[PDB]
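One protein chain is absent from this view; the other protein chains keep their places.
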Amino acid sequence: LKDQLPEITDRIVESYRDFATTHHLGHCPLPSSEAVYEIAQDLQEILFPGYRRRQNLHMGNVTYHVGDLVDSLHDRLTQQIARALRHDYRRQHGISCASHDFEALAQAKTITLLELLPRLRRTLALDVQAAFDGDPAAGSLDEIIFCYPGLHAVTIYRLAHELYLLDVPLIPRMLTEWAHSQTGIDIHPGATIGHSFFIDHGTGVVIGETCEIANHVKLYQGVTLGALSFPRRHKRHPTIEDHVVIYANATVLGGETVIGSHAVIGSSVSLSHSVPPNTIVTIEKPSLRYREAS
Amino acid sequence: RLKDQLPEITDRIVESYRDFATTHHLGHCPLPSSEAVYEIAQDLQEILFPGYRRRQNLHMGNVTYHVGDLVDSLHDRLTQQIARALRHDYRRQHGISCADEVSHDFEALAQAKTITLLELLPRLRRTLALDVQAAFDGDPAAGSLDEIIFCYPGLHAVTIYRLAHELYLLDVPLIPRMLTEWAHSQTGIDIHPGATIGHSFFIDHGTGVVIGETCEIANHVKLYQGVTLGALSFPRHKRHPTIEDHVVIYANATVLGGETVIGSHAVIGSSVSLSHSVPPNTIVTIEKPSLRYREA
Amino acid sequence: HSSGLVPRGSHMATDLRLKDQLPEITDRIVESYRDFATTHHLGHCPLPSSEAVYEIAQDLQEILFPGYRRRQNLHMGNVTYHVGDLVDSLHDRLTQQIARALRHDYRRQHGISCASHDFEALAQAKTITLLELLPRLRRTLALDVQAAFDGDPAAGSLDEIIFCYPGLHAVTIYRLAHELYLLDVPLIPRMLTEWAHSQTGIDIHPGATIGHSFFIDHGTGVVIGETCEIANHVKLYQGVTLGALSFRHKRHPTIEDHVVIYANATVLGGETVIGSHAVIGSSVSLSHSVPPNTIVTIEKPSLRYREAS
Amino acid sequence: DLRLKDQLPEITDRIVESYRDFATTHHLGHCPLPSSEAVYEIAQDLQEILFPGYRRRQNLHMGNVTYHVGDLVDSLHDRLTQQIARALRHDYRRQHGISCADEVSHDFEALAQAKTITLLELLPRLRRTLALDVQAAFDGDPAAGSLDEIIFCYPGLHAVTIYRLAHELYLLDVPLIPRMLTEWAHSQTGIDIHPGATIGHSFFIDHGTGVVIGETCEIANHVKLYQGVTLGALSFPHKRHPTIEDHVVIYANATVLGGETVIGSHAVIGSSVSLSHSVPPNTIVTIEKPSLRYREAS
Amino acid sequence: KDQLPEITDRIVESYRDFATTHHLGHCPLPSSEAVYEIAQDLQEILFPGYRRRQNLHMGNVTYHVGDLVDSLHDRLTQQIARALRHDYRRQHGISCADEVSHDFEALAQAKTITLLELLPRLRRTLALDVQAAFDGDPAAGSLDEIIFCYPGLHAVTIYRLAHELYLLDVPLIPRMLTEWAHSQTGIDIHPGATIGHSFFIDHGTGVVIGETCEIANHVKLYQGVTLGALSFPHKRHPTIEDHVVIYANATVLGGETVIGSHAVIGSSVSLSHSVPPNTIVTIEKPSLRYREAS
Partner (left out) sequence: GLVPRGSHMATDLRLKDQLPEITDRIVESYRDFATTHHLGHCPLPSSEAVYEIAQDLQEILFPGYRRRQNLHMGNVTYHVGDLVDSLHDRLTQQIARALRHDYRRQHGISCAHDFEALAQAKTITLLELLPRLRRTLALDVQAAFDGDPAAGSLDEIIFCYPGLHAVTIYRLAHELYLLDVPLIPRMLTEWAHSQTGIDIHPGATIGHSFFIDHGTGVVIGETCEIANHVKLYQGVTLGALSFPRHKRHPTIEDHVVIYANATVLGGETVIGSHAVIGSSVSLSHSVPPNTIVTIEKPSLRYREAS
């Protein structure tokens, strides 16, 4: 009977006492996943108006739309950042929970992010053009903006990256993993990535925290820019110089691996050492076995 | 008091819209809506697989009402979306800007394409019935047709692809790629709407599969996760492979090139990377890998 | 018969008279339901609901990780209300969903048409079993969270892991699905794991057996088969397949304690055992056993280098 | 502060305890009563069927209306069945002092479905009646713009539509639901019609706020009422409310009381008239010209 | 369930038989819900900070207003056009025909712009109504309480919007608005009524004001007041002059009935003839009978 339910409830609540690591019970709200996703939506509406939720934006009403989003983002970002800072401070110092202070610091950070939205749009315009240049078959800039997952993942990454530079805990990774969830493109928020970046297809792409990518680089599906199996904090991920292309399913590992300007890394190539500028690296023609099914 | 700087930030953002006009669409001419397109896709799937989607109370005595309503609504919504796609593509091809009255241009043409799509739904069900059976045939361990329809991501991605493909054949801009990229997002399966794919197609697992615009796949084919049917790095014009009937391609294989033909009943083994044709009834496998073993 | 632009009829609006054809389209669609009955479930026998299963999953996660999901205002003084309400609701919803799954499977197993046992009572028993083991699942998942922290040195905190590491999410859903699998619930286990698959690109069959302190880092492209058995303290990376040979019955590998399998490795076969503390390097493809304490890596690849022109 | 939040568990317990002490204003147990929201929803769907094009959907035409109606009928069948069954079961248990542990062995679902089918079957007839009501509003209001304006927003028509639905449920012995319907309409219009009232066709309430019509009241055809009219029972007293014959008009703030009061065919009851006795056909009843006092202001 | 298709068919049949109570065709009438939403938006413009949003300040209110004005332009145009088209067709016995029609659209837009243009003037009039409520209710807590919840103010606000639409010859919509307010307050004001500034209804339940009624400035009414037409009859409703107070349950009837400047109509007074300026009209004390109970 339902008479068992109160007891099951009580055992679960008891388990909150026993295993305290997987709950946050108390008077100190962490940041909200949903609030961070909503922030992300609003930021994207500012960056690509006409391509998101509203389709009735024109020069005569866009100020009202942006103005309202900026006002709301100021409040929401401040709140979420403040909770991230408070929680991280408490955790670092082992302090328990029992417009000033962290709030003011959060607001300062929030305003910095909002102030760089014009600059971000400049950067993102070059990424859009990189997608157009990088995919000859592409219909239009509009198609790219609507639905190229590489552009979406990069957009989120660039927002998360700015917050990373501002020492915001939690929220950068929450943003990148949201994009990762939608696109299968996994970019650490600490990665440094220059303008005119394009990921085509993208599923399975992984880019590590200390990875440094210059301008005009293109990656394909399944590319890993990662750390070596064996032994921007301590550099453990590769540097990719300008105008590099890395084809599908390549792997590039190591904090000292530099892929030089204008290099091409062929499909399925696995590298743990530097490549000179102007080099095409490809796999040896595979040795395949053939048999008839009989 | 610091909220007083927000109006200035707002003005700088609006200014950036003048300076970088390539990444916005401001004006009196709505583009197609991602959300409306998604909703259309939901309604189409309701028609294709009733009893497996949102409603669970459908039977032969009420199904006409469900379908009839969806068909009527889809007529209106697809017409609207497709017309906006056609108008946008017209304006872009001609470099013309947005008019000062509301424009019904292309509405009749959009309606004609919409009706063609709705007319094909019975045929699409026939094809999808074979795909469903192909999943059951292709995965011994499958619990039932029901399980497949409910949650096999391959079937979902292919369903969206087949819808998008019909729109592609009708020269609808934007909407086909919007559909396949939606499916791509949900399944990790990346099928270009331009691909040609015969009946009884099955993708098992599916994450990381990529199939290019020009790829041609015949009947009774099965692929696994991480398969690429793609273009050569270097050496409507055909740049993607042709796969003949009854071929199976195992996990993480790569088949590249517009002149690569994989012959009837061939098997492409796991991790095989090919840029040349394979005759019928050939099993192609990698050379046993050379591995290094050491004590830790 | 001339025009001011390329396609003829560009000026014409929607012809509303053409709406008269829609009833016929509708009738042909309904006819196709008669002709191809395999891809619909029309009748008086609701199958389980995808949406209901998703909602159940949300509520289970709220119980497992309170404070990290939808509510942020939970404390020891109000958590009883939160849990008690969810347990009550889950009891009803899981019973309903499981009962429909059992009924449908029974009918399908036999010939029985929709026009036999007490499936509701059996469903409720299975539901109660699941709810009873939530404290135990919390214990397991606490170790998984710690394994993510240990397995990723660059990890910010337990908090960041719980909030957004996709491996933890996929493993949480899998562990719930697995218990339902062990209770012989049809449909629902795979519905759960495919949901997580869709969200993370991590594909765990609900039949897989996986010990505590399991960690998937990155994870996109991971596939684990039905009969795979993974021990304690195992760590996997993106693109790893633990699958079946191309060329009930065990068809998937066994991975022993403390094994690490790096990105894009493939391990195949029912008889393949990867031994305690082994390391399978990136892109390693194996269909045979490896002893304890063995590090397996690919041979340095043979690469061609030439000038880009 | 947050320390005071520690009192909330205790306040919660005081409330739960009070459910044990005062059981009459709660219904806790495993026997859901009917849902106000579900009844309101049913009413919305019924109105969609009766007045398509004037309610929620604006894209209905002869080519799609079968799908709309077919779907609503199907939904209503399930929801009305559920709501009626819950009402019947509760009323059974209450009348017999049974209680919710003790299983009901009676098939209220089948009976609820039968009552539901009866209501659905008479919707065509109800449309016939309501068509006459709409015309009566047009004929009864000189200033009326169109039938469309009337259908859209005349509160008299809305209250009467709900009443007519509630009345058929009343005649089918459905507990709770008929009064839930009429009270919803009362809430929206100020027009308070008991579901038991008997009202003929071509009925019109103009303005309507403050209208009260009692359970046993009987109104013929072509009757018109204004705001504030009471057709009620005697204060100092089975039929306890008046009978109004055809073609009667009753002006604002009139009061007509008593089970034996018959207002005769084509009578006119003037503004503010208060009556507790019958009136013959073709009689105009008015108040005596009031004696008013006039004084200069300061 | 086997009975249901037949019931469905008989209902559809009855649509053919009784065609006056449906609007089936290709010609959307106006939408009640769209009209209500338009009314919500207009109310937000008229009384910002007292409606749905509570975070409005001088720095963001332009964005809020600007956005609503932009949207209201589109939605009012659409609703008014549908009203004009339907009413014209109906008046002239024209049927729907099977073409999507821009008919009356430009005229609807014109009327819509005129309405939006007079919103500043409406605010000026309503500021006088709010003061009248404060003046007319000496027990009133604050202007805020009045604005928040005095039902007289809400009914008058709706009526004033409806009345401007009535003056613009917009069919259907004005009555839709006043009946909506009627439904929420028990106050029934025909949109055709003429009402001057500083108007106040206190309590209000049961107030009826007729189409041809004319009310001057500084007038106050109470619950249950009827300003109506004669039972035994183009002006059919009374004229109320400046500074008149009409107390609870009074009834004032007739097109030729003029209540003179500064008159007072006492509770329960029933009048069908003019009253001179500066006159206080009261009922004769009732003849009451008293008896001891038992």
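For reference, chains read A, B, C, D and E in written order, and residue numbers begin at 1 within each chain.
As a convention for this text, a contact is a pair of C-beta atoms (placed from the backbone, for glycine too) under 8 Å apart; a residue touches a chain by one contact, two chains touch by 3 or more.
If I consider the whole complex, including the chain that's not displayed, which of D:49, D:88, D:119 or D:275 touches that chain?
Considering all chains, including the one not shown, the answer is D:275.
Kindly state which of the options E:23, E:203, E:236 or E:243 is in contact with the chain not pictured.
Touches the omitted chain: E:203.
Pick out which of D:1, D:103 or D:296 touches the chain that's been left out of the picture.
Reading the full complex, the residue touching the unseen chain is D:1.
For chain E, which residues touch the unseen chain?
Counting only chain E, the missing chain is touched by 45-52, 54-58, 61-62, 65-66, 69-70, 73, 77, 88, 91, 102-107, 109, 113, 116-117, 119-120, 123-124, 126-127, 130-131, 139, 141-145, 147-151, 169, 184-186, 203, 205-206, 223-224, 247-249, 264, 266-268, 283, 286-294.
For chain B, which residues reach the chain that was dropped from this view?
Interface residues of chain B facing the absent chain: 1, 28, 99-102.
For chain C, which residues lie in contact with the unshown chain of the complex?
Contact residues on chain C toward the absent chain are 73, 77-78, 80-82, 84-85, 88, 92.
FYI, only the chains that are shown with their structure count from here on.
Just curious, how far off is chain E from chain C if you go by their C-alpha centres, in Å?
Those two chain centres are 57 Å apart.
What whole-Å value do you get for the distance between chain A and chain C if each is reduced to the mean of its CA atoms?
That gives a centre separation of 23 Å.
If you look at chain C, which of its residues touch at least two other chains?
13-15, 19, 22-23, 26, 75, 201, 220-221, 239, 264, 279, 297-298
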